[PDB]
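Kindly generate the complete structure, drawing on both the sequences and the hints.
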Amino acid sequence: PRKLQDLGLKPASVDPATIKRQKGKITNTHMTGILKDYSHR
Amino acid sequence: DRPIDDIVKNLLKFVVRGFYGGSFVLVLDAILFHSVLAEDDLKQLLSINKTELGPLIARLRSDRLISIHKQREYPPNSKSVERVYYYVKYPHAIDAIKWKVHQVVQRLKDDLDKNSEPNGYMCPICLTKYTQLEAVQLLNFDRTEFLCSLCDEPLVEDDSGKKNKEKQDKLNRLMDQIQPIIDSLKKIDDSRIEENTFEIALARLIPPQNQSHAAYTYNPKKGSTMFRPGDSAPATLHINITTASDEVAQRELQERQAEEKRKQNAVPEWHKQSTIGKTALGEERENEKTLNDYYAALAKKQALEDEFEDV
Amino acid sequence: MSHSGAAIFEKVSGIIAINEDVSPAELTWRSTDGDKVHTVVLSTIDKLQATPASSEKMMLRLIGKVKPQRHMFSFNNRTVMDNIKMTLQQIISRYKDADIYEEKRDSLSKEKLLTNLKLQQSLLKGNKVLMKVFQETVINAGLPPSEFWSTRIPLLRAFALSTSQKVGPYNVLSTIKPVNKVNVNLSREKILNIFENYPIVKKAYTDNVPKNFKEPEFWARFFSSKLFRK
Amino acid sequence: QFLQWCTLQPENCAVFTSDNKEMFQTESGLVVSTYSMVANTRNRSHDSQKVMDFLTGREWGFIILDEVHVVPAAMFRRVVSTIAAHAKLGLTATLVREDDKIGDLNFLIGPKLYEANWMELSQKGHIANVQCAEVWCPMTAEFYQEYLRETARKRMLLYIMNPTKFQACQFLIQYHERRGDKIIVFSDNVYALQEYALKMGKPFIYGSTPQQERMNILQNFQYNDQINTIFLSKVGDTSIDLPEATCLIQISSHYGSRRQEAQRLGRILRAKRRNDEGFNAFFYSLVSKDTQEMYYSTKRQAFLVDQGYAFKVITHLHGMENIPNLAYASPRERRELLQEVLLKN
DNA sequence: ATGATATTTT
DNA sequence: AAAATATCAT
Ligand SMILES: [Mg+2]
Ligand SMILES: [Zn+2]
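Protein chains in written order, with PDB author numbering: chain X, 275 to 296, 309 to 327; chain W, 2 to 235, 258 to 305, 349 to 369, 409 to 416; chain 1, 1 to 66, 83 to 121, 167 to 240, 245 to 295; chain 7, 423 to 767.
Incorrect hints may have been included.
[As the list claims (entries may be wrong)] The calculated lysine to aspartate or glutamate pairs, modelled on EDC-like cross-linking and capped at a C-alpha distance of 20 Å, are:
# : chain 1 : residue 1 : chain 2 : residue 2
1 : W       : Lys284    : 7       : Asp521
2 : 1       : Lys57     : W       : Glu200
3 : 1       : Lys101    : W       : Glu412
4 : 1       : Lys11     : W       : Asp64
[Said to hold, decoys possible] Computed footprint of chain W on chain 1, listed as stretches where at least three residues anywhere in the stretch have a Cβ under 8 Å from a Cβ of chain W:
# : stretch
5 : 90-101
6 : 107-121
7 : 176-186
Keep in mind the hints are simulated off the structure, nothing from the lab. We put the CB at the ideal spot given by N, CA and C, even for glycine.
Structure below.
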């Protein structure tokens, strides 16, 4: 791709190297599990 | 299924036919008709042994018109085997074609330019080539002929003086015969092509054989951070027709909902009336027929267990 | 594309295609050599099941109404399965919805009013006391039927006007709101308004009434089409 | 609230609380802290000391003394002196204090600039209307006899755990839960609070509860249908916002103190569904007849009477008898409870 | 002056 | 989990 760009031709490919790879004790006891955690709204 | 894919396919077919032999067309066409072909399947399709397919695959890989992908397979009742698949990587194939075409044109242009230069000289005995500038410092004391340093023999003029028109004709023929490639490249550059991989190529897959041993799938190892060179790339509608019976039913349900809402916000009994003295807490059918008969008389008078989820 | 793709049926590779032009829509898979061909009509199919996306292997199983019949298809690429699965879900749900619905199942001139025999019968059937008097005064009494309506013109005219008047034109389609699954309600008056205001829908409807498919399926297709949007 | 209603950015906001001692490094900004951290004099950690020194270092332009009804306390008065601010503003809803220290505010912060009528705002629709009530719960004979002999400090636990009161609390919660109304049951007595909660299978909050758990219960109770009612303690009496709560009960309460009564009532005066037509929030006060609780309750609602609220006496709760299940219905259950409560002291 | 309850720190 | 200091009411 670099050589093609230098020559003035638009390259259809790119260099692969440029690619990117990607608490305290709870006192409330008896009712610890029934309730779900509504952290946000 | 954009036309760009067809244009690229035409470019590959023309390039292979014009710049490669016959068996090359067979191999590349098969992987163009079928997005991905296993090595075993390709051999069966073209009925060519491994040795014959060797040069074809190797040469096409060198020019990058084809790409290879090796993955381990685990057949249910056979030893694990490393399978080979071939598929076309369009961005690389187009780039390789573009550069190669430019080099060929440039090489011919350089050859044409060089031919116009003065011929030169060469020694008949030792076959050593002397340039015009280099030979001008070798002429004998008599200023008659150029003498070779190694052989001490008169030099002989070089050929290719009359080939000036021949190179121009060669360049003209190439450009005339290469016009489709230039036109196809221009169209390709106008649009954009997404990079192709083995997984993507499998989408446009047409199975070659009924019971091909190779599994045309892709199941990368879970949580595998290993990276290999050249292995990465950049509602339903429900309709309910409402009739008179349904319309009144909907009205009744709406009335019931309103009644429930009203009762919800009503004040309790103890908040309405002062509670002091209360104990402390601690036939017509026949008529219709005769009418119908009578009216009828009138008108006459006037006239395998696996994990699954619901979907 | 969505219509066609690669799949393996009964441990045999082949091409799986969806045909919606022919009613009812059917799914046909043919082997590479063509010696093996299988066709399943989506009308019979009832429930569709797919393997979880987490699982490496990809398959789709269709079970129809009755030892229930089952049809299992295996795909190579996950993207093709999603497109095929989505299209199958739309048709399966649409056909199921149709089955659910099926399981549920001048003129005002005084002279013309007297001459309008059909109107007289309709009024007499609706009213009881008037019918009772008419029977007494025209069956046994023998009084001419025509003379009876001479003195009851205003009542006859009012009855006629109770069904000879129509609401004014309005943007019927703008009132329809779909309100994933969404329920949109229609009424017979609503259907008539759509036909009157938009002749194209009437032309599309008249062709498909008994022939292409049952009426309910038409509206489901129409509201999901680009013609409705336009 | 500050973030939701102004243009300030996090760069200028820092909270000097127990959870985190983050301090703002910007040229200027908002610093929100608590009275205990600032007022503490003897023992404060070095990490907190540096932030406290930062607070005392720069001169401030404005200081807001939220809940200014506790400033006249013995030690909280030091906050005004330590922090140097030109303008100091106090904001409170109940300017009431049992001792004669309430008047001291006039020379610690400033004069009472403005006041608003509770009734006036209720008509305008800004604070939800509340129909206060004071349920009279008679004490049964077996329970009452033990009340007379016991000493004063032990006296409190006899009437707070009155079986008749327990039935009244259960009936009111059940009746108002049917109407889809969130109910908050305050109880100053921790032991009674836990006993009621465990029997009713409902949550509770008080000092032992950690900050994370307390916040989780508050957020959950606001946005979950199943958890319609939660008990509380003295921690939640003042300075907490929760629009969902509409009803409210108090099985037990601190000694006669108008501040807590008004603050607890205010917990349900900001209900979001206050503008809906024909809506009335509820405020229930369960007391035991012939006990000292009656004396305190009358003295504990004086402030509400002055502001305009009127208390209605409910001698009989209609529909209680038909309830299929009532706690401590059998005499044996009452005797077992009496022994259990007596074993406490 | 004492007892509850709450909060902060180590 | 145990200490220590405030606060609110008798
Ligand atoms: Mg506040
Ligand atoms: Zn030589």
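Check your understanding: So which of those numbered hints doesn't the model satisfy?
Key -> Per hint list: 1 and 4 violated.
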